[PDB]
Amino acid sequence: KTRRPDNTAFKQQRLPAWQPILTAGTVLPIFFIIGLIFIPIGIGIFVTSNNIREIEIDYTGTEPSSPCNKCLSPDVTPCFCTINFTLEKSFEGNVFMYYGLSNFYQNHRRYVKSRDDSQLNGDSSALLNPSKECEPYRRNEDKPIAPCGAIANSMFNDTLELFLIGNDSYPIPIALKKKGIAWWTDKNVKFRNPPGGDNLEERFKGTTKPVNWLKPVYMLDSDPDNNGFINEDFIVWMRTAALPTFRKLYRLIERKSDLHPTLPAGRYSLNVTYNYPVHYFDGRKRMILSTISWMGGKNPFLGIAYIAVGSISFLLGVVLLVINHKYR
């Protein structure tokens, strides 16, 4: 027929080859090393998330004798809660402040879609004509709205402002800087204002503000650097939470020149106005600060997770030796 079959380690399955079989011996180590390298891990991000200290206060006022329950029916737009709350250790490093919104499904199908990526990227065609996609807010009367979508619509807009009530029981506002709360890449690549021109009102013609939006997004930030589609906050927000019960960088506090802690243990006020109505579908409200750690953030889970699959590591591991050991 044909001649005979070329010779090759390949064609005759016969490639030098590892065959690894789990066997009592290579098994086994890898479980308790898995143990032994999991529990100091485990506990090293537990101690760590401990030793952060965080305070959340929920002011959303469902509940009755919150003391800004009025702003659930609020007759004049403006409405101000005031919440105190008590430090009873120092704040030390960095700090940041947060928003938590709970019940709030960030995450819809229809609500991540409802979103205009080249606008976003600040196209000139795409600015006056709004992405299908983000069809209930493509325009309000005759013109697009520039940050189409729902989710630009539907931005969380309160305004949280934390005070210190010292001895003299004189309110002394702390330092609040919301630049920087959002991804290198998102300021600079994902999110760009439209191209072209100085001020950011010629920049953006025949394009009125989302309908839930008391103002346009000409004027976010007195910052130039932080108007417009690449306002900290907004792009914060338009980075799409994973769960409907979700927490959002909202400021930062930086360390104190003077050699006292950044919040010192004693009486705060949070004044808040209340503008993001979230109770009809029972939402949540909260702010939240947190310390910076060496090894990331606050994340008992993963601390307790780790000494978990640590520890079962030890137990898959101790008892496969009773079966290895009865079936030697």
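Numbering follows the first chain given and starts at 1. First, how it differs from the form deposited in another entry.
The rigid parts compared between these two forms meet at a hinge, and of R203, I83, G122, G42 the residue found there is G42.
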Second form
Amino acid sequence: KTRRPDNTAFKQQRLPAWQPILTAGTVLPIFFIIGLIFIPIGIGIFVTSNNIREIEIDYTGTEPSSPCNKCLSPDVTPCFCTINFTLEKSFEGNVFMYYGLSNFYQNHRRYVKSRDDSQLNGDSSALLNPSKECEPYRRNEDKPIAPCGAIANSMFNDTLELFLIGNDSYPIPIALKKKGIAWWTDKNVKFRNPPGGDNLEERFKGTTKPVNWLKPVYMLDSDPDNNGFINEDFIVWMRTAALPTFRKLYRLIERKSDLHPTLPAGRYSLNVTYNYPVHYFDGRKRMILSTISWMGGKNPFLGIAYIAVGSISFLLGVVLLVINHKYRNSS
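Compare with the form deposited in one PDB entry: the form deposited in another entry:
No partners, no molecules, just the chain.
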């Protein structure tokens, strides 16, 4: 009856193996090695993060005291509200200029899925026939929408202009760059213009304009390379946020070869073409100017977290040494 089984070490449950046991000198000095790496790293972040200079304006005019209050319910030609801010300390290096929002749920499930990734990939076939996922903004008066979905419908369209008033009767138009603010794999891989000739008016033949927009997508920017679906201000908005309070890149403020404070100390004015109505749902708008660093941004949560984790872990390697000593060779 079924002659003897084989003697191979797997079948006999005797495979070669390492048997680890949590001794005193194996889990006691791991609560210290961590405690001497997490505190130094938690100070390097905090000290570095403290020296990035950052300013926020919050130009939403909910209060009657703000000059932008005159355009909450406009009825005339586009508004222009001006805010005066001052850089009490200078900015050096390169400067990034973002814009922020709040109570804007770009992670809502009814809103995240409302796009058509085939169309945005320069597909010659589905361009004339958007998918059903964008149903509120899928069709118009017998014409399909080129940027389809509820994501591209609500694109941010406020215009921000920065002026250095170092002397009156000459507000300096500080130079802002609008190219190079998108993921390098979005401008060259994920977003592509339809494969036509050299006129974007013919590539978008027969397709309408988004309901909430003012000009068709084939004239978003005058740069013939940066126009249409490959637009960079368009790409940044399409890349949705993860939390209700976010910020998105707007422009770059390059520096010059001569060592100068790219944004010099003094007073400034921000000239805003108020268009985007966030006040209906308790929204808030902001303009943010920040500087760079070799570590990251002004992120002080990690700096405090490592100091707190690196100390609690340290204060466990002590209370696990007055107990191990007391309870060993004993009860």
